[PDB]
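Okay, so here's just one chain, in structure tokens, the form deposited in one PDB entry.
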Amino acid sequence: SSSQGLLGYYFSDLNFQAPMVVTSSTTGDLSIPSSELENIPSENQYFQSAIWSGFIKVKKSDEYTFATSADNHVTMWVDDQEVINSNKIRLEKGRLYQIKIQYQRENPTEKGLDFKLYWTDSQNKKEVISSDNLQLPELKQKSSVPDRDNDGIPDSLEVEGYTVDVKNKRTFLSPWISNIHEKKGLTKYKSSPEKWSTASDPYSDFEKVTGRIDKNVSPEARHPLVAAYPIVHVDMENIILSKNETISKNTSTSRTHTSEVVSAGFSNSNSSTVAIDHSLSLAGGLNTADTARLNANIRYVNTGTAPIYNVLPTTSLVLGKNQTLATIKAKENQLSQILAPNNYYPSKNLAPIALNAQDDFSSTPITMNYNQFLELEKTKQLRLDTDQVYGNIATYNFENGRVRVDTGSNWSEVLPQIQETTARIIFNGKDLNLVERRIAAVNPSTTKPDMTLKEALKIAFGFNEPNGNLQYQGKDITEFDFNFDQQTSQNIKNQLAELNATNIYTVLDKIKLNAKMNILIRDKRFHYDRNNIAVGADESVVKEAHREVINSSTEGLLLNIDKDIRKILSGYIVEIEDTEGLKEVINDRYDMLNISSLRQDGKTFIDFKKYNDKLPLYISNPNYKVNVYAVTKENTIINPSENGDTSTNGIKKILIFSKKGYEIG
């Protein structure tokens, strides 16, 4: 508990107008050595005034006399009862007494401040007040030292710009100073002087930048304009079907975002889609009055910016458009760990959660009638709808200076405000998964910081401009498309008009965000479905992606393929073409295309043996060709056609390799 003591404001001017340093002292020693004033301009290092605030707490009732290093330039009050300008004052045990210390000094010939706070009890024991008796003011939001929102940062600094510099034992909040601060690698902040939390979340602007916050809040959300909140969906890893009173397959799940009509949506609901493996795992009985049972392994996923402690959200497992087959619930207050941002529950190094645990004989079975099982087979897809019922928030406590789960703070009270006051940006550049972030933005309809689209991209997703050109990890911003909801689209379209700009990438630094916008940014190389899941890529892109052939034989192809490309590929078709042009498909079945696998070295191996009776391809003549085709997710057939055809005939495939027997060797 290091944020113990009084909160001090140090001004360079004589009448509390130019805040230079805002920081806390641990004990009665309120001194700031010039040694730690490096980032402050030489002249402003001469503090002409200062104000301290907090509370005093005594373990045993008694009468005290307060004094300071310079009683002549000070005015202190205890409970608004003026003590210095100095008589004894009684303080009962178990009571917090508010302190306010004022200090003015016109003639600083010295830099920094040497100023201590003392007190003497009834016996004549005089000593600098200990950390044990001091505590910061309750800088929490108010019911319905210029600090309109009570977060602790002066209104002027929030509006003008400020930064924080961690000294050896303290963190100094200071106004932004370009020449000094920029080249020191410090971040310039600007927050609303009217909002305790500028992004409307449970942590204040001061708590965020000063580090008086949950260790699990994402680094980017420690910025007062970036919202810190959980975002959870369920990830099904595998499933097993059985006849009620066996089909065991791997599943791929993707968090989703539904577009309307082409145009991103307004939904702030969680949901994921599961695709069950359609390929043979082994090889290969139900009637109209049987029932099948479903079990599966799952993990909760937090892709947001704040953790969860005592309530996992509820989820509906859905078949088709709206046939709920189960309601998945976790036990409130019985979590075995927290669900951290950019993390899982349970953690990936631990076993996943079974819907019906081997343990639990009393778990509700997930049942399907005969028609349902047919529907599931027909689609081989499931949906997981999850509510936004998170629990209590681990908040910072000024009394003890520790972060703890607060039973009085609840996410449900927070989410609506965050959603109404910020701009949403969903970006998939990291690994093609949809990642959502919310940035504080003004309701067009004079307090909040203006926010440009470029800056949002920088503080929320970590984009940068090494030469003034915005990029996300070496990838130019033009490699990503911008999609908006209808309203936002017209808004942006209008902004362009006033700028006489016809292109967005050209004026990103000048497009301003407003609260309630919905912006979707996706990698341009891929095909997306209505859920915004990457389901394909142009033939040209795919062909190009298979150019790096490290090896080829009658046994298989070894290649280097982009991780994002491999994600949109469902399978490969192997074929031998004779000198006549006639073909022979080796793995001639819609469920036998699962011949690719990633190696430890990250190289892809396409296995010719798998579906060739574990024997290497037999190329009767070296003038014969081996063609290998790639099938993408969106073109994947998962059942026999409607007659009964199970061949690869009719499958939209992309030629990605073709060489003669002698070229392959």
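Rigid core (definition): largest C-alpha set, two forms, superposition within 1.5 Å. Positions refer to the first chain, counted from 1. Compared with the form deposited in another entry:
Residue showing a CA shift of 2 Å or more between the two forms (rigid core superposed; candidates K215, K321, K348, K125): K125. Fitting the two forms on the rigid core leaves the C-alpha of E498 displaced by under 2 angstroms between the two forms. Relative to the superposed core, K331 shifts its CA atom by less than 2 Å between the two forms. Fitting the two forms on the rigid core leaves the C-alpha of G94 displaced by at least 2 angstroms between the two forms.
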Second form
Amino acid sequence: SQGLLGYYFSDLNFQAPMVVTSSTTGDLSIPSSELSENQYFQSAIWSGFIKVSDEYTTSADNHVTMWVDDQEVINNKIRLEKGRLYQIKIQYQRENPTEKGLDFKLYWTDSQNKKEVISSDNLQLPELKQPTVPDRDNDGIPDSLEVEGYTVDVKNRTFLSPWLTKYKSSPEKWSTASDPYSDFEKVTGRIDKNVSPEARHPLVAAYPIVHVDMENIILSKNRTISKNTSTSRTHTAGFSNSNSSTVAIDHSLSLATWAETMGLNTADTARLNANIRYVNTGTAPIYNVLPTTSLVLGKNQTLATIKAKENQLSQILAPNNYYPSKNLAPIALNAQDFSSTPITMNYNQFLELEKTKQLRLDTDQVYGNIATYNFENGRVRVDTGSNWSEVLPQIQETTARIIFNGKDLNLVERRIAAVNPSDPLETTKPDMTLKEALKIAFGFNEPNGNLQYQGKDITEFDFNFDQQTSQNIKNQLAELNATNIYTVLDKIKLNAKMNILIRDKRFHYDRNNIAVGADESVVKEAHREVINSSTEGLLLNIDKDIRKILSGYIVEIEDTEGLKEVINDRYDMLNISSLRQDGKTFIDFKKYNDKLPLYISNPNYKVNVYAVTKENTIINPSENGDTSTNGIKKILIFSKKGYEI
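Could you please show the structure of the form deposited in another entry, as a counterpart to the form deposited in one PDB entry just displayed?
Next comes a single chain, given without company.
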């Protein structure tokens, strides 16, 4: 991944760089084919090192001053030894080249006086870590290019040129998002290949975000209860950077009371096992420390602490991915391990669990070491000297945060480099607009002068901010004499430490910003695409996001005077839908009608089907032990007479 590093300028004295690139060999040529009026380079500087056992003494020695260890070897047989790096610099100046590009080449000849063009094994890049071109942060991109904007073009080799994507970045910041990958590393691909594509932008932060997903649970007498669980990463807008997920435990029967199923009394004790995976929804991988997690009952009753053995991960935990991989078994809290700590609950705790059917997983931000690029060997490797713990707070202090749920209504967080007005040193950080932030961090695009996220217009999402950011953005709107944020997205300026929360408008949200319902019109409309209906059930085509907010359905026969009979008349029997492989929903009438189709004794009778949303879900008998669906808030989504079915 190596060779030297060249700057090619159109002016005579190195002030207006037009191409920045790296050659694998001593062939420092740029062919005009890889380039407009600006293709005549009047100067050029190359930097790097050379490696080797011998004495040794380019194509334009009358235009080239050169040094090997600030020791001019051109403008002379010098000695060099096996296993040592000699710093190299070459400068070049021709006024008025008649040709475009540069056919330039550097050679040495040995002691068997045999010449050669310097192999790709004797040339190394400068150490671009945190006769001179101005590069204050030593990332490799000249200050002028960072500020004015540049693009990168891939021929064969990356070519960096003044403004494909228009980049800008800070000439004062090795990594403009204060993360562990440099601006130059990101845009030339000298970076860990597991970093998310959008975090190869210098203004989008690369960092892990980890939470724990519980898939299922099993409670038992210390007679058992096994249930599936749904977990969501949460957010409560806030300014906290903690990781947390909430688990909802299936309250519906999976075989013909939790307290009645388990013979608990008072002095009894219950044990808990579960299956989990770690989930990385950030933009950078983790390699050798999984974070530690408290499993919490109620507000702050820690039932367990979940840990994985440091330095013995069986893999990467990559962005947009799971550990273990989904193709592998999940992690058991007490694995098939003598000395797994038992997870225990007293009677009171057990009833509290049954009351709420909820747990919380609080995960710390301890992510361990970083795989950084090494310029000495052009490889990416875990760097024991580099730790995420030192990086995360710098990222958090210099970026605006956008949390967005456009992807399956799951909360996804990105951080974007943005100016801090009070910081005297960030006169140099690129201005970041809200609109550009959504495009680069989340992939919004604008086909027809309308900002969209995968088919959904931006106005289908609501904008919410923390208190400081609200005041800031309100002030901006008035300054713009704008009334409406959607119309001035391109002019809203983002600052460091802003928090912005963007949520699909069709839904209702709990205080964790999980989608837990939708207004009745939304719900009814999502159920109008009926494919088939019969006395055995309904086949519908229902939007994925809609299904996510539904806990179940209630089926009901209504006679001609409107007397109603609820077929699945228990709060724990609403789980009669399933999602077929063609993506359609089947609502099964037989499942709790003793496996029989409905019996409609009169064709004029109605079959009504109601959806129940998450937030309206009853998860226990009432105070007096009522287990019926009486009282449950439900939404009519199908109603037809016997003779229409």
